[PDB]
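K.L.:
This is what each chain is made of:
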Amino acid sequence: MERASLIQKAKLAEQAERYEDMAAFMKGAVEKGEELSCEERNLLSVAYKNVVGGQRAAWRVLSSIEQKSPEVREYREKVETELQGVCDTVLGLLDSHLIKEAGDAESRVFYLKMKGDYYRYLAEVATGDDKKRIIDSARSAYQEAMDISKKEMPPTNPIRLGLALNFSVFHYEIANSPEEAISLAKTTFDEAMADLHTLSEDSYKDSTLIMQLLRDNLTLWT
Amino acid sequence: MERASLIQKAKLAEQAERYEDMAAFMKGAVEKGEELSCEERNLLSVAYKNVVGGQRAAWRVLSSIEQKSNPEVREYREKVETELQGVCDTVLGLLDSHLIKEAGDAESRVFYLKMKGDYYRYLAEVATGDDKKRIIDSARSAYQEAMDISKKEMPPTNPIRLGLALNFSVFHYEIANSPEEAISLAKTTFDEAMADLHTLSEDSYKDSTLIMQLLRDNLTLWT
Amino acid sequence: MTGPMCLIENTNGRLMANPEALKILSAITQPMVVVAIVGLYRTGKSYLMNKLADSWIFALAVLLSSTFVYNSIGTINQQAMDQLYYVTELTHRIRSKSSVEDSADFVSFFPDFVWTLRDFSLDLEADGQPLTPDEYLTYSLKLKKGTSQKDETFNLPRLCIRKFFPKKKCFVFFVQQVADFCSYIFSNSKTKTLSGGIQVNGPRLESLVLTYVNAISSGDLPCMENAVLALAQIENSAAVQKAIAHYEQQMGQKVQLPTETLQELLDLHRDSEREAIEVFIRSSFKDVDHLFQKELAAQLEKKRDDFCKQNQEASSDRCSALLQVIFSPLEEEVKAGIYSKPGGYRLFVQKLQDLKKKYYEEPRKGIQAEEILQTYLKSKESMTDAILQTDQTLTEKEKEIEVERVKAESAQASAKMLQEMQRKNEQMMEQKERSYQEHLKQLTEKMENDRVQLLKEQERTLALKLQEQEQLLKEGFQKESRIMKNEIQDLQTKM
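These protein sequences, in sequence, are chains A, B and C. Under the working numbering, the very last position in the first sequence is 222; numbers go up by exactly one each time. Under the working numbering, the very last position in the second sequence is 1223; numbers go up by exactly one each time. Under the working numbering, the very last position in the third sequence is 2495; numbers go up by exactly one each time.
One chain only, chain A, in its complex shape:
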């Protein structure tokens, strides 16, 4: 069908809270060849975030049941495999349709951050060596997004903050470096506050919510 309607069905999907359908529509809209607008971009991460979120939660529930004293493992693996399917789909979509397929610094950072997040999820369920490879491909994506944000965006831009937030989660929960996670989260927060004045009602609500998430993490981490 037409890109215009694909976009329309995703909005409907999100309304009816049918994220799997929503992610599929967006995927069809992406393969249409044309770049996505800011609005479209968010539809894409919201759809896939919800789909993958359910699987990640399922996985965590199961793996904990497995560790806490045959079926558990077999089922955890099924969920895990299904989760890796989605991540490879998102990553493929990014590598051959979205990443640097545009010009804007915001669109570029957004896509590279998304690449970091999905490699990060793949890292949550991987084991020895395969994990090291995945972890390193996650970091290079975050770092490249970080380099672009620090040169192209003010310290309060919500995308830059979302990126810095998730990159700190990466340091703490994946790269096993609590030290680095805490300082980046703290450094991102301060430089954010120090500019909050006249942050324009534009991205106010978003950056404000991410700033709170940064704090929650700092508290939980310390």
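What the hints contain is simulated information worked out from the structure, not anything from laboratory work. Treat the hints with care, as some may be off.
Quick look at which bits of chain B chain A covers, simulated, 3 or more residues with Cβ under 8 Å [unchecked claim]: (1) 1005-1011; (2) 1016-1025; (3) 1157-1166.
Estimated spans, in silico, between C-beta atoms of each pair [claimed, not checked]: (4) B:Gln1067 / A:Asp206: 28 to 36 Å; (5) A:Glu74 / B:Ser1178: 48 to 56 Å; (6) B:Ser1037 / C:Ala2238: 56 to 64 Å.
Don't be surprised by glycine CBs; every beta carbon is placed ideally from N, CA and C.
Given the structure of chain A, go ahead and fit chains B and C onto it with the hints provided.
P.N.:
Only chains B and C this time, still in chain A's reference frame:
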């Protein structure tokens, strides 16, 4: 795989909140040919109920958005319908080609006929024209048969009897368009439950009390 | 009160309790049903409250009331629900305990909710028959399917009202509608209660006001748990004082010093102590670590020691006095030589035995009777021998017999004194153990009663949450219904 492990996976799936997987695990269990225990029957209904609960809520969003009448929106709603019907259909096959009558005790018999009434009811919601009429009939006959058995085999306080009565009344109001009949059933079902509760120990008091509340809430909202 | 008074002042951005109002509250000892009204300004709130006769104000109204009346003009539409952010914001203003989930406890202590809709413009017409205002409220709080930001915003305040308040009621508004609202309040509003079934009266409400306002003034969040504990500190301290007062009163009205025996005094102590502990137990609550009861125990022990000292002193005085009255005349007769004549030993021993008998027959000598007598008799031992050896009417063999008889009687007197001493120590030890067991007994009984009361409260919360879970499922919302099951599991870990 072994029935026992299918049941275990259904329980793991429930904890993982993967109802679709759960439903498929209970379906495998049901196909083993052995009767379901009380706990197992509840696992089966929780599964499919959650699966269908999601499609319904989605269909109800897409419908109001469409406004029942006043492109894309139409096409997507129809797809959600097809899906809902698919789930309802496999539940009905499970009941008609396995669970119904292959059971002995009154409880289970009423439980499956109730379930049968429940899913024909979900099919009715998304049906129009004469299709809805035929569906409403088969839903009514299943609920009635369940009602005939509960009135004959169980006491006014049995939670399952109350549930059936509750759902049957909902059917009369939301589907059969017969409010009065829906109200009288609920009233009677509730009263008869009271004048017998003075002897109902917490050994099941909690159960009935929970459902009795739902009957009055509906009674209150229908008035 | 001839008329209303400001309870909490709001000046220059600061909320502060009015001392004059707190004073009035301290004087009202009867149980209170508290009804608070909130809503947009100029909506006829004060007018309606006379018929019955921002975020912090809203939160305080929730914390202090039995029934919370939210008043608005019009219908329950999007515009009206946007104003209910004040309810959603309660999760950021109120803390249930201090020891996304804390709000799961709100339904256990929040007031019943009543929505009063003024200048109502709908006929509520519906197929068959019209909706009642309560059914209209149910209709208005139904959720919308979807996960969009718009959907979440629509559902949030509705979910908060449905999940935070234990009961909901709606009234639309005219003279008869006001009459029906007042009748409902007068018949359904419950006495304000705190965890443990504690009924709030004037002094208790005063405490809550001070604690919550002080918290807000400190830049902290008002916490229900902290308020109950703060109240406990006050009442438990008073309970210890009341119990000690009761002990002192009972002992004073019944003790007669010196007591006939130590058992007499300890029996009275035990009885008074049991009554005192009962006074404390019924007047206290939330005595964490039993610190207050331990303080009471320490004070009663000191009180017991004081009575024992007074008793021993009273006995010593009485017995020493009797010694002077009974034996002094004999000592002087002996020193005067009255028994230094032929046959005087027999007369002396007979007199001495008669005097010892007299001493023993004197009433209520007390716990020092044997020690006082024996110490005296031993110190004057030489007197007997002096008279014996002097008497010539007694053969030497007879004197030898008497010396051995006197030695045996001295040993028996010593045994009476030694036993008196040993028995007293045993009785003190036994009383110590009995007192300890009495405290344990009453404490175990109170803890059992507290456990039952808490479980009862938890069962009510469980019933309310199960009810909502079912409504959500029946309504078709599994995502939210499943979230309820989560809160239910967490509640059950506490039971």
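K.L.:
None of the hints should be skipped; say for each whether it holds.
P.N.:
Right, here's what the structure says about each hint:
{"no.": "1", "hint": "1005-1011", "in the structure": "holds (count 3)"}
{"no.": "2", "hint": "1016-1025", "in the structure": "holds (count 4)"}
{"no.": "3", "hint": "1157-1166", "in the structure": "violated (count 0)"}
{"no.": "4", "hint": "B:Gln1067 / A:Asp206: 28 to 36 Å", "in the structure": "holds (32 Å)"}
{"no.": "5", "hint": "A:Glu74 / B:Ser1178: 48 to 56 Å", "in the structure": "holds (49 Å)"}
{"no.": "6", "hint": "B:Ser1037 / C:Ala2238: 56 to 64 Å", "in the structure": "holds (57 Å)"}
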